[PDB]
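Chemist: The residues making up each chain are set out below.
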Amino acid sequence: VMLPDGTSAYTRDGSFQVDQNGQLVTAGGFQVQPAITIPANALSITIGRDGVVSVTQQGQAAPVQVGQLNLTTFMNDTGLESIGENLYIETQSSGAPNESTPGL
Amino acid sequence: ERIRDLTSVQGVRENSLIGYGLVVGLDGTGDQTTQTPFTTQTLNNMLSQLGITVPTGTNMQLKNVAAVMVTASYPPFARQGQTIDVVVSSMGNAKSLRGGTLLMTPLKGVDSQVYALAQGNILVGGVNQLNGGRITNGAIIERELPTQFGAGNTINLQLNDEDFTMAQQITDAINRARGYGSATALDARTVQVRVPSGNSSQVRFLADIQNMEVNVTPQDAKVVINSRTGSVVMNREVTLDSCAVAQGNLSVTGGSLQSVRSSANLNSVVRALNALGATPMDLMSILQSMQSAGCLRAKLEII
Amino acid sequence: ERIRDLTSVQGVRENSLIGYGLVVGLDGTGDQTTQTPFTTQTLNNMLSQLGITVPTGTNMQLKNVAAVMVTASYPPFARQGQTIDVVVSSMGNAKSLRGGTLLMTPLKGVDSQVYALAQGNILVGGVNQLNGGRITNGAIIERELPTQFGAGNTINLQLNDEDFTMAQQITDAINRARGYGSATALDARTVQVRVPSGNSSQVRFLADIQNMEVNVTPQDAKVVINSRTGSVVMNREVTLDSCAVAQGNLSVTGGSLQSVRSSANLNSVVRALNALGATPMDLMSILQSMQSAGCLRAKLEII
Amino acid sequence: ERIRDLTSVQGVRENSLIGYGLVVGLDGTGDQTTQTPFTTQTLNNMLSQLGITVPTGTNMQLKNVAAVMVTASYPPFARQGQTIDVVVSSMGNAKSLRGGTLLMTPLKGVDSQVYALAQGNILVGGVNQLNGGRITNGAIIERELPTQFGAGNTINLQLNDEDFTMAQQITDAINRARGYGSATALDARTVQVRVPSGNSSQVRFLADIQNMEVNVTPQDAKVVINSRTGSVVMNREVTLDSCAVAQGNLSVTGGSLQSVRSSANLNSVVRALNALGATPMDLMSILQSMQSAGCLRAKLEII
Amino acid sequence: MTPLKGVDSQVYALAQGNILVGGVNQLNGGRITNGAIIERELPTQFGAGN
Amino acid sequence: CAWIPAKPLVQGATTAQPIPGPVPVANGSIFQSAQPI
Amino acid sequence: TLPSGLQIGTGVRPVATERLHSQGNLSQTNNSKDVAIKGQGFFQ
Amino acid sequence: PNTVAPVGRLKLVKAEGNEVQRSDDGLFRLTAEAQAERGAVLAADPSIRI
Numbered sequence: 105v106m107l108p109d110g111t112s113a114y115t116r117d118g119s120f121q122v123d124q125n126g127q128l129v130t131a132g133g134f135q136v137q138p139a140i141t142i143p144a145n146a147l148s149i150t151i152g153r154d155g156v157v158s159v160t161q162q163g164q165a166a167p168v169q170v171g172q173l174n175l176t177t178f179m180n181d182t183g184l185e186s187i188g189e190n191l192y193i194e195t196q197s198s199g200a201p202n203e204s205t206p207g208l
Numbered sequence: 020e021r022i023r024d025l026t027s028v029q030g031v032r033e034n035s036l037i038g039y040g041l042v043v044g045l046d047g048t049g050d051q052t053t054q055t056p057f058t059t060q061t062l063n064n065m066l067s068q069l070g071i072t073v074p075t076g077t078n079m080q081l082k083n084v085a086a087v088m089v090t091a092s093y094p095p096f097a098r099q100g101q102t103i104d105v106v107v108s109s110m111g112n113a114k115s116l117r118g119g120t121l122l123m124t125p126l127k128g129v130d131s132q133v134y135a136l137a138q139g140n141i142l143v144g145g157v158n159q160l161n162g163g164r165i166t167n168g169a170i171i172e173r174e175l176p177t178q179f180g181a182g183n184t185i186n187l188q189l190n191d192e193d194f195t196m197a198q199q200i201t202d203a204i205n206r207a208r209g210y211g212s213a214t215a216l217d218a219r220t221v222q223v224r225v226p227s228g229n230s231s232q233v234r235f236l237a238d239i240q241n242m243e244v245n246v247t248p249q250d251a252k253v254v255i256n257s258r259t260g261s262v263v264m265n266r267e268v269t270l271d272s273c274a275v276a277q278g279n280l281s282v283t316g317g318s319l320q321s322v323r324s325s326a327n328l329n330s331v332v333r334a335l336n337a338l339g340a341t342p343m344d345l346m347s348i349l350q351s352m353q354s355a356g357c358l359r360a361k362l363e364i365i
Numbered sequence: 020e021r022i023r024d025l026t027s028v029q030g031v032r033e034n035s036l037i038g039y040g041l042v043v044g045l046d047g048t049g050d051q052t053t054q055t056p057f058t059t060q061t062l063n064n065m066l067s068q069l070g071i072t073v074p075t076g077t078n079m080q081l082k083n084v085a086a087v088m089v090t091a092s093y094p095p096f097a098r099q100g101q102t103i104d105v106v107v108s109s110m111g112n113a114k115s116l117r118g119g120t121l122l123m124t125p126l127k128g129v130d131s132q133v134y135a136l137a138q139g140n141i142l143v144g145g157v158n159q160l161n162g163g164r165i166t167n168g169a170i171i172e173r174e175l176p177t178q179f180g181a182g183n184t185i186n187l188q189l190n191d192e193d194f195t196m197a198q199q200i201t202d203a204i205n206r207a208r209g210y211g212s213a214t215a216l217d218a219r220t221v222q223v224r225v226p227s228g229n230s231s232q233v234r235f236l237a238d239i240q241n242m243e244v245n246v247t248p249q250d251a252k253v254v255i256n257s258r259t260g261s262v263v264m265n266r267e268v269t270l271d272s273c274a275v276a277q278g279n280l281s282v283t316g317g318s319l320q321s322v323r324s325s326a327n328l329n330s331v332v333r334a335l336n337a338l339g340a341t342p343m344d345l346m347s348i349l350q351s352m353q354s355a356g357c358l359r360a361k362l363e364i365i
Numbered sequence: 020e021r022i023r024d025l026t027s028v029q030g031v032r033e034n035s036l037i038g039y040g041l042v043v044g045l046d047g048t049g050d051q052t053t054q055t056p057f058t059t060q061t062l063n064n065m066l067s068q069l070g071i072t073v074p075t076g077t078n079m080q081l082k083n084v085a086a087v088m089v090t091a092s093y094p095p096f097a098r099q100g101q102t103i104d105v106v107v108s109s110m111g112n113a114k115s116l117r118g119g120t121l122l123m124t125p126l127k128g129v130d131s132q133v134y135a136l137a138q139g140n141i142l143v144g145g157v158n159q160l161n162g163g164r165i166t167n168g169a170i171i172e173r174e175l176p177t178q179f180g181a182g183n184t185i186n187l188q189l190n191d192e193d194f195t196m197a198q199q200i201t202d203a204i205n206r207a208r209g210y211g212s213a214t215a216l217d218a219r220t221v222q223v224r225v226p227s228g229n230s231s232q233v234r235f236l237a238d239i240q241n242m243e244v245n246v247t248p249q250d251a252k253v254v255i256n257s258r259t260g261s262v263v264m265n266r267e268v269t270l271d272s273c274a275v276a277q278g279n280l281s282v283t316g317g318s319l320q321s322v323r324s325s326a327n328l329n330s331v332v333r334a335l336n337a338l339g340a341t342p343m344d345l346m347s348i349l350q351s352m353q354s355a356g357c358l359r360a361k362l363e364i365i
Numbered sequence: 123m124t125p126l127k128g129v130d131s132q133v134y135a136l137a138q139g140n141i142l143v144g145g157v158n159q160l161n162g163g164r165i166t167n168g169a170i171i172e173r174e175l176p177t178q179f180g181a182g183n
Numbered sequence: 022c023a024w025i026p027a028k029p030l031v032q033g034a035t036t037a038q039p040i041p042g043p044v045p046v047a048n049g050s051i052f053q054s055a056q057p058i
Numbered sequence: 061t062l063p064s065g066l067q068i069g070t071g072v073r074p075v076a077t078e079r080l081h082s083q084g085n086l087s088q089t090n091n092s093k094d095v096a097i098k099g100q101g102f103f104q
Numbered sequence: 152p153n154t155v156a157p158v159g160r161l162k163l164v165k166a167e168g169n170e171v172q173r174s175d176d177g178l179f180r181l182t183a184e185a186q187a188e189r190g191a192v193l194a195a196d197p198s199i200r201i
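Chains T, BV, BU, BT, BW, AW, O and c, in that order, give the protein sequences.
Mind the numbering: the first sequence is residues 105 to 208 in PDB author numbering, read in order.
Mind the numbering: the second sequence is residues 20 to 145, 157 to 283, 316 to 365 in PDB author numbering, read in order.
Mind the numbering: the third sequence is residues 20 to 145, 157 to 283, 316 to 365 in PDB author numbering, read in order.
Mind the numbering: the fourth sequence is residues 20 to 145, 157 to 283, 316 to 365 in PDB author numbering, read in order.
Mind the numbering: the fifth sequence is residues 123 to 145, 157 to 183 in PDB author numbering, read in order.
Mind the numbering: the sixth sequence is residues 22 to 58 in PDB author numbering, read in order.
Mind the numbering: the seventh sequence is residues 61 to 104 in PDB author numbering, read in order.
Mind the numbering: the eighth sequence is residues 152 to 201 in PDB author numbering, read in order.
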């Protein structure tokens, strides 16, 4: 997720709402970094075991993909600095994070 | 010398050009493209034009690209191949254009025709403005405008400020220099000069005229008040009439009603107004009330 | 010497080239390819062209590759085989181009034709800009442009700034040097020179002319205000008229209404304006109000 | 001596070669092959070519292998069997190429034909760049290019920078040395030299010419501003005009409006600009504004 | 680029330039010097009569 | 009947042809205004 | 390059409360002026 | 509720702690050396979150 100042911080829990524009944000206003946007008239939203997020619409045979939720991994997660509000920020202790699609 | 500082020549004017472009090379301070669709759309257009077709409906989030408006000034008698200076301005949710580069951008007139092509490196000051820059010699002229300069036996010098005495002064000076019937005043803003027919002779004439010297006559007494910035200016023709003034917290250095003597020159005005001991903020209100009453023998303009 | 510093020659101009390329060899500071699909797509295109077909719909996440836009300036009379300098700029979510190498990239004109091929090592300054670099002698010219230089008996020297006195001065200087009827002023921005027919004779003529010396005539009084960077510049023709000025927190070193004397030369202007004791930030507002009133006998330009 | 430092010869140019290869022998600092499929795919291709067929759909995770792009410069008149220097650059998620070895790699031109074969040990500097290296004498030339050198009675010396006076100087020098009608200037960037027909006589001619000495004429006044690195350079032709300058936090060592005297030579310019007491960061803005006003009698280029 | 209309909804000038805000002071208001160019002229009966 | 010729409700031509604008006067201006009513 | 740093917590705080806008069941009221929305929507 | 509007912003400064001294009223102020080095009045850094 992206902090207001500009730096990037990492979270673990999942509880997402949708802001007035349509983007996917966590409970607290911080915008999810991959920036998944769910348009209006979203009859149903699906997030499979992989990062693909697919929304259905009125009278559509197949759902339309609206992005993918890749997630990051650290070489040593115990060294992460834990600022408040269920967030962690990268430090020198933890290695350089690498992002990947789920299941890979 | 002087006439060139007071007038312009008829047919010698500037035009405006505007265009849309992209700026690349930013240090992650570009648009958040998930909210500016035209950025990614125009990037796809450019890539397709170059020979690379990106599939539609795919994820694309850039950080080193910004969408900008480019503005320029088409100069008089511009010839193709010359260079002009452009101004580049961000147009959606970008943070800075610090070290960016402007890609090939066409600059259109008001008739939607391309008159110049712009490309170069941006110079941001580096508080200062981050989302605006200027490129020196960043555009090249591609189209030229026709003109009827050199055809006829009459040009018009257009004054920058309307005045009858000033037009008459310029006319009399030109007639004193370049022969008896060389000039004629049409109105408070135009002087009609007779010139020989041709193209080089008119240039010789305008070169002789533009460097003449005329003595400016006294203008109108006026007081400019800029309330937005908080400034007051009075030219050298303002006078005053004796009258009393009262305003909150201002007193005699005596009660709260202070006198103001008559003032013929500007030094007397400055002295008499400084005597009241008021900041410009209160001076605005004092001057407005005085103009409404009749003390201030000037012309108040709120700019 | 001087004329070459004031004018350009008709038909001798520069053009712009743009292209798309890849930069490899970065220390894990390249694109996050899961959000820039064109990076992986163009990498697959290159691999396929070389002889390796990667299956579609497979995982691919690189770190040492970045997608860049390359820009260059096509020089006058460019011959195939020569070399030019290129500018490389990142275009999606890359961190730095520190030690990268630019792969083979074609540079197209506005007609979508290849005019140069670019490849080399990038030099990033190493705060400084990380997502932008320059390659010296990084491109080679492949196509040449036709031109009609050397055909006819007339060339055009195009002034960099419009002026009638300046065009007349240049014309008179050329006529004083290279014979009676050698030059003719067309307008405020063009001088038409008669040259012998051929290709070497015109080069001799332009070599003789471009090194002549002319004395620049006094230009127009103007004051440039750059509000974005916070700067003010006044050339040596600005004058002033006596008038009073008031602005917040400024006082006489006396009340808040300070006098400004007449000023003929520039030193007097600098002295009288420094007397007010104002930062440039307030000097901008003071100058705008003074120009609106009539004290400032100049031409205010907000750049 | 001098002419060889100013011009190139027509038909004597360099080309570019690119290829794909593998680097082995790393200390566990290679690709994470679960995200770079082309690495394992090309390794399987090589193994199959050597005589070992690894079953498909099997687990394979290497650490001492990296996929690299190899770039080289095809030199003029290259003969088969000679050696050139190559640059090796990582292309996916590798950590370092410290002690690696480049396996047999063919280097293709833009027509997709093999011109050289590359193999050797990489020299990484060992902060420094880890994902990029250079191999000395790492490639051998396999194909040769045809050329029409030695056919005809005319060669073209192509200047590195356009100028009419410079082309005329070179022409006059060659004519003074090697006989009356030996050279002829075509344009601002080409000198056409008449040479005897043959192959050795032209080499004698070009050996005599390339070591001549010419005195460079004064170039154009220009000021280079590199905003990305933060540098300013002014050649020895820049001059100044007297004018006043104001900028934030800068003052007289006096108010905030400082004077700048006229300056004919470069020492005067340096002195007058150092008098303002400004860092280069502010000097950029000052110079841009001065060029916009008219003080700076130079040519500003933002590189 | 902005066209400036009269009360008859006809374009009399075209405006474009850089804004100078004072920089308490007013932020949402500015002035541009020589920011518009005249495109149409008005007729008049000056010089006719005695 | 259905073969007897009747006139339609919307008569006349149902299309119009754009007319080329006037030639711009060669002053120093890019803005050219066709005769405004 | 220490394994970690010494950090001490402070407590917990309720940040937000959301409503699960799913589709409820339907009960037959037998009346003729009662309307139940099937799907998503809101009366004004 | 859709009429909530921003009306201002607080100014938060960051002080290390070894360069600030208490005053008689009870408000910490910068020492002389730190004041000289960082300016008379601090700048509102954006790295602080509350």
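Hints in this document: simulated from the structure, not taken from any laboratory.
Just so you know, not all the hints are guaranteed correct.
So these bits of chain T aren't anywhere near chain BV, every CB distance computed over 10 angstroms [what the hints assert, rightly or not]:
hint, residue
1, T141
2, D154
3, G171
4, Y192
In silico EDC-like pairs for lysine to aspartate or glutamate, Cα to Cα no more than 20 angstroms straight-line [to be verified]:
hint, chain 1, residue 1, chain 2, residue 2
5, BV, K114, T, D109
6, BT, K361, BT, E243
7, BT, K252, BV, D130
8, BU, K361, BU, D104
9, BT, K252, BU, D191
Pair ranges (Cβ atoms, derived) [as the list claims (entries may be wrong)]:
hint, chain 1, residue 1, chain 2, residue 2, range
10, BW, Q159, BV, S324, 48 to 56 angstroms
11, c, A195, BT, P94, 53 to 61 angstroms
12, BV, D191, BW, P176, 46 to 54 angstroms
13, BT, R206, BW, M123, 52 to 60 angstroms
C-beta: ideal position from N, C-alpha, C; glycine also.
Chemist: Report the numbers of all earlier hints that the structure fails to satisfy, in ascending order.
Modeler: 1, 3, 6, 7, 8, 10 and 12
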